[PDB]
Amino acid sequence: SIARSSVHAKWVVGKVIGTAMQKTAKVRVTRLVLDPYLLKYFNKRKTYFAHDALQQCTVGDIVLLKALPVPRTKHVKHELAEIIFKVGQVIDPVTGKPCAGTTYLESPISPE
Amino acid sequence: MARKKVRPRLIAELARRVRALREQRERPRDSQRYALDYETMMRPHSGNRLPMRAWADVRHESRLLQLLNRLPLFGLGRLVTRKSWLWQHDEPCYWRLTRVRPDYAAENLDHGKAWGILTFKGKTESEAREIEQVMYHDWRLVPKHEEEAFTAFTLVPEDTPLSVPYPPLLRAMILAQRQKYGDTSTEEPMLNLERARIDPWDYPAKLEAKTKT
Amino acid sequence: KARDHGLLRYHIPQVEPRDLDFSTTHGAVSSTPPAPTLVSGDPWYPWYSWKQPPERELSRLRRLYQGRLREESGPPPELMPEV
Amino acid sequence: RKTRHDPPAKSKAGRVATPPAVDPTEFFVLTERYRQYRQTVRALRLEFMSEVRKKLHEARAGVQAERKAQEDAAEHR
Amino acid sequence: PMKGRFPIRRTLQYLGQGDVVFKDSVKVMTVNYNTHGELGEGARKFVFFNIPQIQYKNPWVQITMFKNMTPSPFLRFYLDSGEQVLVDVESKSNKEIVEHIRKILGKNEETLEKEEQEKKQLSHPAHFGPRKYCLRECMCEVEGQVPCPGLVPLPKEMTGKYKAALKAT
Amino acid sequence: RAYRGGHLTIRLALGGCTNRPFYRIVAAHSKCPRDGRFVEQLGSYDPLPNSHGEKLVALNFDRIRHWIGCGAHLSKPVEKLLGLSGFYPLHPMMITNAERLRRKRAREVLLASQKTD
Amino acid sequence: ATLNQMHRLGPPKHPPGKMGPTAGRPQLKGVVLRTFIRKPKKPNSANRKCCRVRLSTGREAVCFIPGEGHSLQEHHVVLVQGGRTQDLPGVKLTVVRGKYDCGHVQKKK
RNA sequence: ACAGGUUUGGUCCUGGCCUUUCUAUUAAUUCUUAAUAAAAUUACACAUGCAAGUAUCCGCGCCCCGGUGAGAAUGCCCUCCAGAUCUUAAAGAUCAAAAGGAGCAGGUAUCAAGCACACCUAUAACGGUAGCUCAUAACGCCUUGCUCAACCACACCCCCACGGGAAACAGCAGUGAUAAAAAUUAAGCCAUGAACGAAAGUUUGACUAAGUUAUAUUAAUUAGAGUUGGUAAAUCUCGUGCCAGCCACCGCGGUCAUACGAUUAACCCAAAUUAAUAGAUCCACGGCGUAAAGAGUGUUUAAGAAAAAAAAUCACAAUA
Ligand code: FES
Ligand SMILES: [K+]
Ligand SMILES: [K+]
Ligand SMILES: [Mg+2]
Ligand SMILES: [Mg+2]
Ligand SMILES: [Mg+2]
Ligand SMILES: [Mg+2]
Ligand SMILES: [Mg+2]
Ligand SMILES: [Mg+2]
Ligand SMILES: [Mg+2]
Ligand SMILES: [Mg+2]
Ligand SMILES: [Mg+2]
Ligand SMILES: [Mg+2]
Ligand SMILES: [Mg+2]
Ligand SMILES: [Mg+2]
Ligand SMILES: [Mg+2]
Ligand SMILES: [Mg+2]
Ligand SMILES: [Mg+2]
Ligand SMILES: [Mg+2]
Ligand SMILES: [Mg+2]
Ligand SMILES: [Mg+2]
Ligand SMILES: [Mg+2]
Ligand SMILES: [Mg+2]
Ligand SMILES: [Mg+2]
Ligand SMILES: [Mg+2]
Ligand SMILES: [Mg+2]
Ligand SMILES: [Mg+2]
Ligand SMILES: [Mg+2]
Ligand SMILES: [Mg+2]
Ligand SMILES: [Mg+2]
Ligand SMILES: [Mg+2]
Ligand SMILES: [Mg+2]
Ligand SMILES: [Mg+2]
Ligand SMILES: [Mg+2]
Ligand SMILES: [Mg+2]
Ligand SMILES: [Mg+2]
Ligand SMILES: [Mg+2]
Ligand SMILES: [Mg+2]
Ligand SMILES: [Mg+2]
Ligand SMILES: [Mg+2]
Ligand SMILES: [Mg+2]
Ligand SMILES: [Mg+2]
Ligand SMILES: [Mg+2]
Ligand SMILES: [Mg+2]
Numbered sequence: 001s002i003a004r005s006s007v008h009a010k011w012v013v014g015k016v017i018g019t020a021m022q023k024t025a026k027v028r029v030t031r032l033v034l035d036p037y038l039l040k041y042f043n044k045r046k047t048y049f050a051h052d053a054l055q056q057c058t059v060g061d062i063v064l065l066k067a068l069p070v071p072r073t074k075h076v077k078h079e080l081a082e083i084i085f086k087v088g089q090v091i092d093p094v095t096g097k098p099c100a101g102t103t104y105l106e107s108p109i110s111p112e
Numbered sequence: 113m114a115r116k117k118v119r120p121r122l123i124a125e126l127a128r129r130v131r132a133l134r135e136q137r138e139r140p141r142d143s144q145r146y147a148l149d150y151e152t153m154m155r156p157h158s159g160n161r162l163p164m165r166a167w168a169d170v171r172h173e174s175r176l177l178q179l180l181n182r183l184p185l186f187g188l189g190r191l192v193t194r195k196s197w198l199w200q201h202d203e204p205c206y207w208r209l210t211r212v213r214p215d216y217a218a219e220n221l222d223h224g225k226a227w228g229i230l231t232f233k234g235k236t237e238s239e240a241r242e243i244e245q246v247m248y249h250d251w252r253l254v255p256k257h258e259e260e261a262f263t264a265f266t267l268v269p270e271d272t273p274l275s276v277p278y279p280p281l282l283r284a285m286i287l288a289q290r291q292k293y294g295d296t297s298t299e300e301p302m303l304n305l306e307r308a309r310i311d312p313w314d315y316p317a318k319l320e321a322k323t324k325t
Numbered sequence: 326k327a328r329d330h331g332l333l334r335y336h337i338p339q340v341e342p343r344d345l346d347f348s349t350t351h352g353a354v355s356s357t358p359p360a361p362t363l364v365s366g367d368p369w370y371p372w373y374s375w376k377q378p379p380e381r382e383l384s385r386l387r388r389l390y391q392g393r394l395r396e397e398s399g400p401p402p403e404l405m406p407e408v
Numbered sequence: 409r410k411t412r413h414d415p416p417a418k419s420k421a422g423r424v425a426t427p428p429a430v431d432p433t434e435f436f437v438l439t440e441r442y443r444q445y446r447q448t449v450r451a452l453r454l455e456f457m458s459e460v461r462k463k464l465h466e467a468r469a470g471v472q473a474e475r476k477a478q479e480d481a482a483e484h485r
Numbered sequence: 486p487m488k489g490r491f492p493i494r495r496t497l498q499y500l501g502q503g504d505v506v507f508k509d510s511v512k513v514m515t516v517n518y519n520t521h522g523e524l525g526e527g528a529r530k531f532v533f534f535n536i537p538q539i540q541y542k543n544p545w546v547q548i549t550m551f552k553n554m555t556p557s558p559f560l561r562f563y564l565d566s567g568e569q570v571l572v573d574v575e576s577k578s579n580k581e582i583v584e585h586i587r588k589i590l591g592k593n594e595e596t597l598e599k600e601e602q603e604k605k606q607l608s609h610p611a612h613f614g615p616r617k618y619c620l621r622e623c624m625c626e627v628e629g630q631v632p633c634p635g636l637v638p639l640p641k642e643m644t645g646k647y648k649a650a651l652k653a654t
Numbered sequence: 655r656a657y658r659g660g661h662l663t664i665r666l667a668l669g670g671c672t673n674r675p676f677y678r679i680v681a682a683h684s685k686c687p688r689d690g691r692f693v694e695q696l697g698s699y700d701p702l703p704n705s706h707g708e709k710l711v712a713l714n715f716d717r718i719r720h721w722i723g724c725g726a727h728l729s730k731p732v733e734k735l736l737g738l739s740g741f742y743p744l745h746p747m748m749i750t751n752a753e754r755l756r757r758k759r760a761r762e763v764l765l766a767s768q769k770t771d
Numbered sequence: 772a773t774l775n776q777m778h779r780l781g782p783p784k785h786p787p788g789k790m791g792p793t794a795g796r797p798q799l800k801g802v803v804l805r806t807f808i809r810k811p812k813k814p815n816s817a818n819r820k821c822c823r824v825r826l827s828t829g830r831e832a833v834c835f836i837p838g839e840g841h842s843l844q845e846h847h848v849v850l851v852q853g854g855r856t857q858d859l860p861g862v863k864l865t866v867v868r869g870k871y872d873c874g875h876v877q878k879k880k
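Residue numbers (my numbering), protein chains in the order written: chain W, 1 to 112; chain H, 113 to 325; chain G, 326 to 408; chain C, 409 to 485; chain D, 486 to 654; chain P, 655 to 771; chain Z, 772 to 880.
Worth flagging that the hints you see were computed from the coordinates, not collected in a lab.
Backbone N, C-alpha and C fix where the C-beta goes; we use that ideal spot for every residue, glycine too.
Treat the hints with care, since some could be wrong.
[As the list claims (entries may be wrong)] Chain C side only, calculated, beta carbon under 7 Å to chain P, not exhaustive:
hint	residue
1	424
2	438
3	445
4	448
5	459
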């Protein structure tokens, strides 16, 4: 059962930047870093490459990434796991209903 | 560790290949490597001077190959003894030669590597091991009529104790632990001196290494 | 020095006892049973004492180390006197 | 300290070694002590080796390890 | 601190007084909240107050914000084994969320106290060396032992200069 | 530091100022310097007697046997130091030096008496 | 300067000091090239005894001789400090008396 | 910082420089003794002696210790870790290459674009897609050993070292040159550490114990230096007359100087004192009408705020 990885990040969540290359999406991960002087947290942006076998990435999505056990090249070290939020097509994880921002597209209290 | 300004050095790899190629092509032969001057006791090749404890044996004995060349098949199946074991051990110690390949560089054919079967203190091993310390000027050859005289051995059982008392401070902790945990037996602890058998220092070591088992 | 003699007052914090359980039962503080070699007076190991080697072994060593041999000595004294 | 490639000295280039004298009675007794001393230490060394194996095995798949593993798994569910 | 709405929350004590330690299996925490409506008061105050405290004790846990994407605020946790924990907050206050999080994925009090107890033995008091790692630096700092020759000069009988003079004489 | 080889060894590390030696029982790689980086410090050894006439020695017995169990070599003085404590049997060289002292002392006593008479 | 701007620019760090006339070295050795007299600026008027020497670094600079009376001539070896004279613009070195070819001030006799 | 001196005829405000504190090197003046710590110009050229041997021949060891800070923004922390070695019941441990990244990491944007720096299929070819890094600083340039139980790097030079230039002390001591920088061409393996031997043991300029030097601290046997207008503790009598000279900042001297030089007296440190250069420290969680500061204007991208409430305007000289 040896399927570990040498990278420090096993699971990360980032926003898709572009899908120009073939079967690979460039995503932007955001993390909070404490400024030593002001003692305040600011976002730090880093770019990651994720392999999408099904070509399901659209610019503006939020995608969970899983650490790749073996790197495929010097840059692609992560593999796409799921599409957390499709752009424009967002379903509430609680009620399982389509929504557009704040207004529900479909009323959850109307089964029929 | 790595950086973005890594320069692809190539001369270091180039030197490694040539240096490795040179030693393989220019590998010193056993005759010229072990050729020795018998007056200055200095090795012309390595520039080393032998210790004074070995000066007497060089001039008053011959090495293995000097006493092995004048044999039909270079003494296959013969028994070869060594002066080192004879002086210190009353029990017979000898080697049963399996194969031997001398080097053709020597004009007198007095060098080479040989294998054999080990018989130390009457104990015989079931595997062939390469003969160590061949170049030493202490080897001797047994006659045909004396082959059975040395072969016959009288097995003497060992009288060494199989258990010894523990060291005093370490013995106390053994008693303390079992008393603390509830084991109140007053039997004196003993150390099993059975797995710690030590071969004598003169026993030759395996020249070949050991692979993963 | 004055504080060490009690002539001057200074703060003395309250200190808890050093140990949690006060038990003298353990063998570290209680006397352990004597070793069988201790009561007899024999040395803890047989090779601690001096034993006269066989004469055959002495002859073998003299032959091996001939020329650079040194004068031998007997058993060491049991007790060393004082000058 | 010198390196591999530097040449050796000139004055100390003829001598090799000068072993000291050997006391026949003393050397044999000392040799006997070493043979028993090495054997005793080797048994202690192997005894300590087995202790390390016992300690390491208990830390990996000890009974308490399974209890801890099941407790966190049960709590998580 | 002078600037900011609540300058107290940007001091070391405030960052250090938050006691929420995630387990080793927690890697990603996703928080979604709305900037409008009275229902999101608990979520917004949780982001404004408690999130810096949570991140300070979990430097290796990624925290990402998303505003106005889901009408119902919620928190999503991603584990190492791919397990997903969904926490729903729609009326819970600032304090309720912290207590709820501390129980589902926070570490037990007994685990935290035993963790630091095992850390204390690393700095064993019986060792010697530099002040940053050991208490004493030399044996002369122990009452009763022979003091350092720098402070109190040693007697002449023990000085090596006197020992060598008599040997050569 | 990256060394070619070497074996783990428990030895004594010198310390203190001039005329005041102080050895630390430490376990470090054989190829590292005497006062260089080490794995774990075991104990201490005060070579000079105190006001009570005692030479204090500290031993980390459970950790000492742990390193010996994993194949750590021991130098000459640590074996003598462990031999005195009783964790190990008395070193053969410790006994021989004792025997030499008795014979030298016996010769000294006899030599003085011969001159006296 | 709001919080975001302060974060972007980072904390202010004091710049390293600029090297003085002696290039960061406490004292320098020079060879006398010419001896002349320099006059101060008002309201201080006098005839200051200065000299022009070339330092060990190869540069040529103007130096000043403190004290009353001197016997310095061309191609003499002297030692210069890093002090400055307030009355004379440009002069930023002083010869330390009592070293090499320049001795201490001679008491009236 | 508990602050002080200094703008102006004068007050307040804003704003620089400097004083007062501590550490190191060199120099000046001075100097009695002992102990401990430390020993530092130069990656420039080096005379001579020494720094690796051990051992019944094989073998093992031979910048490992030590030395240096040239080079490189090198790195710190951290994940993984082949391989070498030691131990043995072949699975435990020590050191850890290469490779990789949550974060952290000198100055400079008057260095703003680098110019192939990406990826897919199967192959480990071919073919196909046209991308990758970067104003959160890419790509450049300049300076530099370090975040210290220690770490990184170099071993005459040509990043390397087949080769070539060329003929090597950045091992201890010592010499030439050079620099403001000035330790003995010494003793011993007694201790400890390392190499080798089964072992007595051998080697070891690492080290141990000494030699040398006010470089620091202490004790005592030892007394000189600086300063005396103000900030800042302390003086008189003469000489000199904007002259000779003094000052860290403000300033003094132009025949009645507590500031120059000498004398008397005093003050303050003390085997040290003073000066010179570096370093610790020190700017803005402060400001933008009049002071250095809201850029000639509007929209938008990156980015960020929303949280309680509430908000599409309008007689008139917009513009084309
Ligand atoms: S510091 Fe302990 S002897 Fe000096
Ligand atoms: K001011
Ligand atoms: K020694
Ligand atoms: Mg040799
Ligand atoms: Mg020392
Ligand atoms: Mg001045
Ligand atoms: Mg002025
Ligand atoms: Mg002079
Ligand atoms: Mg003004
Ligand atoms: Mg004025
Ligand atoms: Mg000097
Ligand atoms: Mg001295
Ligand atoms: Mg041998
Ligand atoms: Mg070093
Ligand atoms: Mg330098
Ligand atoms: Mg440099
Ligand atoms: Mg560079
Ligand atoms: Mg590594
Ligand atoms: Mg491995
Ligand atoms: Mg292994
Ligand atoms: Mg080179
Ligand atoms: Mg060299
Ligand atoms: Mg050189
Ligand atoms: Mg030198
Ligand atoms: Mg010189
Ligand atoms: Mg100096
Ligand atoms: Mg001199
Ligand atoms: Mg001399
Ligand atoms: Mg010598
Ligand atoms: Mg000797
Ligand atoms: Mg020895
Ligand atoms: Mg050995
Ligand atoms: Mg000394
Ligand atoms: Mg004076
Ligand atoms: Mg003056
Ligand atoms: Mg007058
Ligand atoms: Mg004044
Ligand atoms: Mg005066
Ligand atoms: Mg203005
Ligand atoms: Mg203005
Ligand atoms: Mg504007
Ligand atoms: Mg504008
Ligand atoms: Mg937006
Ligand atoms: Mg028109």
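Q. Holds or violated: is the Cβ of residue 438 of chain C closer than 7 Å to a Cβ in chain P?
A. Result: holds, 6 Å to nearest chain P Cβ.
Status of the hint placing residue 424 of chain C at chain P (closest C-beta pair under 7 Å)
Interface hint status for residue 424 of chain C: violated (25 Å vs cutoff 7 Å).
Minimum Cβ distance from residue 445 of chain C to chain P below 7 Å?
-> holds, 5 Å
| request: Verify the interface restraint on residue 448 of chain C: the C-beta must sit less than 7 Å from at least one C-beta of chain P. | output: holds, 5 Å
Practice task
Report holds or violated for the interface hint on residue 459 of chain C, using the least CB-CB distance to chain P and a cut-off of 7 Å.
Solution key: holds, 6 Å
The structure shown violates just one earlier hint, number 1.
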